[PDB]
Amino acid sequence: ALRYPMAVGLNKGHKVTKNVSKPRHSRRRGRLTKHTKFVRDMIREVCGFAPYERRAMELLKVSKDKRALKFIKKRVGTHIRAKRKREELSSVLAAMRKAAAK
Amino acid sequence: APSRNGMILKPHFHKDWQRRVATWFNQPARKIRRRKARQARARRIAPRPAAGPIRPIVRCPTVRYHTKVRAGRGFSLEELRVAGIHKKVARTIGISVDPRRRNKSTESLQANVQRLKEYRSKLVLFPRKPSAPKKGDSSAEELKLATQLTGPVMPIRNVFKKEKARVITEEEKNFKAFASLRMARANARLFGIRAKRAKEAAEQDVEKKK
Amino acid sequence: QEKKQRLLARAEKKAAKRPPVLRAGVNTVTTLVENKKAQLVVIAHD
Amino acid sequence: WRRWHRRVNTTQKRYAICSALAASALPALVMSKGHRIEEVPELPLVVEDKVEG
Amino acid sequence: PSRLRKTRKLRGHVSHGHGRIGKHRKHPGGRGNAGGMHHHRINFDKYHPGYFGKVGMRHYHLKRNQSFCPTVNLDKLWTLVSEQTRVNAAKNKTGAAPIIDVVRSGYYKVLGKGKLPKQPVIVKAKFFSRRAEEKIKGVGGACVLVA
Amino acid sequence: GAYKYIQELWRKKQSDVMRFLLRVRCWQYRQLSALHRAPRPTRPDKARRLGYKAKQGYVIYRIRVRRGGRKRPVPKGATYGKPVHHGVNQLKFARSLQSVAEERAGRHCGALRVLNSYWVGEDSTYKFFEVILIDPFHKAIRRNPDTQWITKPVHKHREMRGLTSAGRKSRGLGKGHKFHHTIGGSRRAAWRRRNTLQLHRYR
RNA sequence: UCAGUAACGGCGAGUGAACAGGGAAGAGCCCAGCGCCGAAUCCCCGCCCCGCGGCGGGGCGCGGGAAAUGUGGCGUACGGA
RNA sequence: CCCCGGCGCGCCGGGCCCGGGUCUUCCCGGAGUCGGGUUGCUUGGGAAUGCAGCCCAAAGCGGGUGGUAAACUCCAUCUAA
Ligand SMILES: [Mg+2]
Ligand SMILES: [Mg+2]
Ligand SMILES: [Mg+2]
Ligand SMILES: [Mg+2]
Ligand SMILES: [Mg+2]
Ligand SMILES: [Mg+2]
Ligand SMILES: [Mg+2]
Ligand SMILES: [Mg+2]
Ligand SMILES: [Mg+2]
Ligand SMILES: [Mg+2]
Ligand SMILES: [Mg+2]
Ligand SMILES: [Mg+2]
Ligand SMILES: [Mg+2]
Ligand SMILES: [Mg+2]
Ligand SMILES: [Mg+2]
Ligand SMILES: [Mg+2]
Ligand SMILES: [Mg+2]
Ligand SMILES: [Mg+2]
Ligand SMILES: [Mg+2]
Ligand SMILES: [Mg+2]
Ligand SMILES: [Mg+2]
Ligand SMILES: [Mg+2]
Numbered sequence: 002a003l004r005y006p007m008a009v010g011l012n013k014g015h016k017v018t019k020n021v022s023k024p025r026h027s028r029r030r031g032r033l034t035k036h037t038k039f040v041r042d043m044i045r046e047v048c049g050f051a052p053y054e055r056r057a058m059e060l061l062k063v064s065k066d067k068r069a070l071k072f073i074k075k076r077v078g079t080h081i082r083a084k085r086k087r088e089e090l091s092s093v094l095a096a097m098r099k100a101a102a103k
Numbered sequence: 002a003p004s005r006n007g008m009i010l011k012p013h014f015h016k017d018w019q020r021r022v023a024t025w026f027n028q029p030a031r032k033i034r035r036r037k038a039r040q041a042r043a044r045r046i047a048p049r050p051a052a053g054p055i056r057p058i059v060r061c062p063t064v065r066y067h068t069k070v071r072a073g074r075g076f077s078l079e080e081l082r083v084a085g086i087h088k089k090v091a092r093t094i095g096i097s098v099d100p101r102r103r104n105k106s107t108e109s110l111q112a113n114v115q116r117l118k119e120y121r122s123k124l125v126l127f128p129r130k131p132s133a134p135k136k137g138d139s140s141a142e143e144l145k146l147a148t149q150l151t152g153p154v155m156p157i158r159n160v161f162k163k164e165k166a167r168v169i170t171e172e173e174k175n176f177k178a179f180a181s182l183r184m185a186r187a188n189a190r191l192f193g194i195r196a197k198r199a200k201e202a203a204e205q206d207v208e209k210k211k
Numbered sequence: 161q162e163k164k165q166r167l168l169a170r171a172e173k174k175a176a184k185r186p187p188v189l190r191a192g193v194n195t196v197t198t199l200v201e202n203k204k205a206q207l208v209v210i211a212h213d
Numbered sequence: 122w123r124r125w126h127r128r129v130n131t132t133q134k135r136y137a138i139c140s141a142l143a144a145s146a147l148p149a150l151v152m153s154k155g156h157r158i159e160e161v162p163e164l165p166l167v168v169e170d171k172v173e174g
Numbered sequence: 002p003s004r005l006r007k008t009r010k011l012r013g014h015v016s017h018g019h020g021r022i023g024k025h026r027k028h029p030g031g032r033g034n035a036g037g038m039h040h041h042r043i044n045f046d047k048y049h050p051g052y053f054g055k056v057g058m059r060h061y062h063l064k065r066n067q068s069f070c071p072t073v074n075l076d077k078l079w080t081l082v083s084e085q086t087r088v089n090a091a092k093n094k095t096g097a098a099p100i101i102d103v104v105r106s107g108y109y110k111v112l113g114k115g116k117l118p119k120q121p122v123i124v125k126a127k128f129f130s131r132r133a134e135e136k137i138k139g140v141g142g143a144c145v146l147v148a
Numbered sequence: 002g003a004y005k006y007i008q009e010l011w012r013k014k015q016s017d018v019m020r021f022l023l024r025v026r027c028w029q030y031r032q033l034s035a036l037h038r039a040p041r042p043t044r045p046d047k048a049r050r051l052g053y054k055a056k057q058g059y060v061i062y063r064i065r066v067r068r069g070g071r072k073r074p075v076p077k078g079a080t081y082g083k084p085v086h087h088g089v090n091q092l093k094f095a096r097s098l099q100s101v102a103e104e105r106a107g108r109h110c111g112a113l114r115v116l117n118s119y120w121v122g123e124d125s126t127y128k129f130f131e132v133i134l135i136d137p138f139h140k141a142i143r144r145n146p147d148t149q150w151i152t153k154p155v156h157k158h159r160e161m162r163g164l165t166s167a168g169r170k171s172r173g174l175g176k177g178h179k180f181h182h183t184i185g186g187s188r189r190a191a192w193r194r195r196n197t198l199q200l201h202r203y204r
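Residue numbers (full-length UniProt numbering), protein chains in the order written: chain A, 2 to 103; chain B, 2 to 211; chain C, 161 to 176, 184 to 213; chain D, 122 to 174; chain E, 2 to 148; chain F, 2 to 204.
Incorrect hints may have been included.
Output of the computed footprint for chain A on chain B, the stretches with three or more beta carbons under 8 angstroms from beta carbons of chain A [claimed, not checked]:
| # | stretch |
| --- | --- |
| 1 | 98 to 107 |
| 2 | 164 to 178 |
Residues of chain D placed beyond 10 angstroms of chain F at every Cβ, according to the derived structure [said to hold, decoys possible]:
| # | residue |
| --- | --- |
| 3 | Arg124 |
| 4 | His126 |
| 5 | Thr131 |
| 6 | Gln133 |
| 7 | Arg135 |
| 8 | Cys139 |
| 9 | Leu150 |
| 10 | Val151 |
| 11 | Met152 |
| 12 | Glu163 |
| 13 | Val168 |
| 14 | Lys171 |
| 15 | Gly174 |
Derived from the structure by calculation, the hints contain no laboratory data.
For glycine and all other residues, C-beta sits at the position ideal for the given N, C-alpha and C.
With the sequences and hints as input, model every part of the structure.
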């Protein structure tokens, strides 16, 4: 058919050629590096876990995952931050099982 | 008290506004001072252009102004990179640099790249040591003609591509401008729910199938 | 005092190998230990 | 902050300059302004450009 | 000028034009818009219906550039191009119609008020009204959409 | 790379290691006077990333500020006003306790310039901050171009005009839609401009 | 200029910004950190030459000190080595 | 006619031994801070614009923002302490 660019609709906009360039280096901020992961895993060996993290893990051992999130969320503050935190502790608990199994 | 028909007015004079009145009786004296600092600056940097560094072209944001272009802050690193100008050398020879600005499309990128190349073609460059020219410097003949420039460098102007009269086709005559717009609004409004309904529909029948 | 001497002798040697040495500091030593370039690390107790 | 200054439309200000120039060429009006032009050769009085130097 | 104002004529007349009985007191009735729902209710109801109350949704952070959409009617459509543009098209024989780009003239939407001359034209705009497109089509023209 | 481990180590303030060190050090800090010259930065990593350098002319001070809000200092709690201004408790001070710590260090050592500060510990009653100060007349400071800025008379008592990092946090500065109060450089600057009547000659 | 506007408000009295646009002016940069360089860094003392009413420059001292709990060079998100 | 200043041209002794393009391998960040709860003030900022006290208390394809609270999900945009 005949079709025009339109100021409304799903394909709205004046048509231009998009140009692809490397992302600005400021956009990699907060990317984990193997050295910074190694340093954080070392501090985790020296220091350990916080009392709230340990209490969360006790909830996760008995498979109280829903209650574990609510405790974590109440302590860290946000759902997304808690979801990421619950996952790490479960990964830690999973690793401890494997190490014991070995 | 109100009196017959009248506008309801809410003047904002319930503070101590007289303590903070800014008269403008120094306006002509400000205008002279600003001009006198433009002249002493033009003399100070001559033959460099009085206006200042060359600025790029940029399209104004929002739908109210995107039909217009103007002078931006400075050329972007992608623009300078494509034009073979070192970013630290750009400011020394009258070119402005904007590390923040991103080039999203090619055409705008190319327009500033060409603007740079045109500017580099008009640049008359005086040797660092007057008696010892160097590789990139302008010849002594074209230094005798180097005169200061007034006004913005290579002024930016909104040019319109004129289209001549052409015979209207049956395809164009048949196009439905109103219907096309109204249907486009509907499609972009019901897209998300329609996709949801299609997904649920498949699930409902699949459980019947399996 | 004796690094000044070595440089002066280096000038005499010029006008006409690095021996092994300890490494001081927690910043220097930590980087060496991560690189596995240290054979023995001594840490003060206080 | 009494309003000392007044805006006058450019079109009117130019009008006022045309009225002044038109009036300046009529002996009756220039006489009636008190000027002693009873013996100037002509109105308007145009002299050669030498007097500019 | 103060020489043309009432004060000069009111010299010698006691009360200065505010009456002997009611006098000129400081603020009888209140200051500003006091009393709208009270001793001043008739004036507000009589002359400012709708003044009190709330209506319609709030919209935080309104940006008036988002709804920029200047409009032009069809009766003004041919002024956006020079005169010789129209006369040349009307008298030529090949049937070629001129292009009127209303965005270049600072308009986005084309409205239908008025009638067009019997002369084909190609119109470019972001938006059209339904009657604008019909009227534009009635003279042999076409509507072209731009983004 | 030791400064990386220390930075990460001090992020685990609830670990067993850190709890022991904070507890004992808060106890020690609590046996001294409220303003106390310190011999070296308690936190070499934190101090240096705030601008400190381990050279003559940089000095450290430890300040002890009482915790809690600002009680309105009115006799017998009477405010003599309207009910909206009857509050005596639950009121808060506009500036942080880190800022107040810098001001107390800054006022005491009037001949020194305050660079920055950091948190070293706290208990239920006291917050402890170490403040970095610079002697603007030592020659290790005046002759180094990178630090000649802080010797200028415009930088006298930065902590007392809300110019330090801690001090400038209560001023509501920043870019974007969240900080429209301080367009023009400051709240008063925004207010003056917005509350001044521009009467042009031709109006 | 947006704009007495979006908004706030016994939604009463009242209060009330910003983006975009046009101008004045126009300028950009530096650390910590990550690294590598024999601490390559700095202050003060005495003697010698120049200068000495903005106390500095150079040469010499197995002269003292700060500094490996980190000074200087390179380098900082536009990436850098 | 005096003085100060500025702008230029030469000599002595110093410092710097300096750059660009493409490949290859490497490195890259600010914590009792963010964010969350509550309280008080504050704002036009309205299920909370900013600030502060107290409590909780982070992460690293993370974090902040995207003007109506919240979950899932894409985008865009910056890179705080
Ligand atoms: Mg009346
Ligand atoms: Mg009236
Ligand atoms: Mg009478
Ligand atoms: Mg009377
Ligand atoms: Mg009267
Ligand atoms: Mg009366
Ligand atoms: Mg009155
Ligand atoms: Mg009150
Ligand atoms: Mg206050
Ligand atoms: Mg904060
Ligand atoms: Mg800032
Ligand atoms: Mg208006
Ligand atoms: Mg009411
Ligand atoms: Mg107010
Ligand atoms: Mg603006
Ligand atoms: Mg300008
Ligand atoms: Mg470094
Ligand atoms: Mg940046
Ligand atoms: Mg930063
Ligand atoms: Mg108050
Ligand atoms: Mg208020
Ligand atoms: Mg929303």
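Outcome of the hint check:
1. Against chain A, the stretch 98 to 107 of chain B contributes 5 residues with a C-beta closer than 8 angstroms to a partner C-beta. That satisfies the three-residue criterion, and the hint holds.
2. Check result for the stretch 164 to 178 of chain B against chain A: holds, 4 residues qualifying (beta carbon to beta carbon below 8 angstroms, three or more required).
3. Not every CB of chain F is more than 10 angstroms from the CB of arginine 124 of chain D (nearest about 7 angstroms), against its label as outside the interface.
4. For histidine 126 of chain D, the shortest C-beta to C-beta distance to chain F comes to about 4 angstroms, within the 10 angstroms cut-off, and the non-interface label is violated.
5. No beta-carbon of chain F comes within 10 angstroms of the beta-carbon of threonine 131 of chain D; the shortest separation is about 13 angstroms.
6. No Cβ of chain F approaches the Cβ of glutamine 133 of chain D within 10 angstroms, the least distance being about 15 angstroms, so the stated non-interface status holds.
7. Remark: the non-interface label on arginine 135 of chain D is consistent with the geometry, its nearest Cβ contact in chain F lying 18 angstroms away (cut-off 10 angstroms).
8. No Cβ of chain F approaches the Cβ of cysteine 139 of chain D within 10 angstroms, the least distance being about 24 angstroms, so the stated non-interface status holds.
9. Listed as outside the interface, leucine 150 of chain D is consistent with that label: its C-beta sits roughly 32 angstroms from the nearest C-beta of chain F, beyond the 10 angstroms cut-off.
10. At roughly 34 angstroms, the least C-beta separation between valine 151 of chain D and chain F is larger than 10 angstroms, which holds for a residue marked as non-interface.
11. The beta carbon of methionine 152 of chain D sits about 38 angstroms from the closest Cβ of chain F, which is more than 10 angstroms, so the claim that it is off the interface holds.
12. Chain F leaves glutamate 163 of chain D outside its interface by the beta-carbon criterion, the shortest separation being 41 angstroms against a cut-off of 10 angstroms.
13. For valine 168 of chain D, the shortest C-beta to C-beta distance to chain F comes to about 39 angstroms, beyond the 10 angstroms cut-off, and the non-interface label holds.
14. With a least beta-carbon separation of about 42 angstroms from chain F, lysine 171 of chain D lies farther than 10 angstroms from that chain, consistent with its non-interface assignment.
15. Every CB of chain F lies more than 10 angstroms from the CB of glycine 174 of chain D, the least distance being 39 angstroms, so the non-interface label holds.
Hints 3 and 4 from the list above are not met by this structure, while the remaining hints are.
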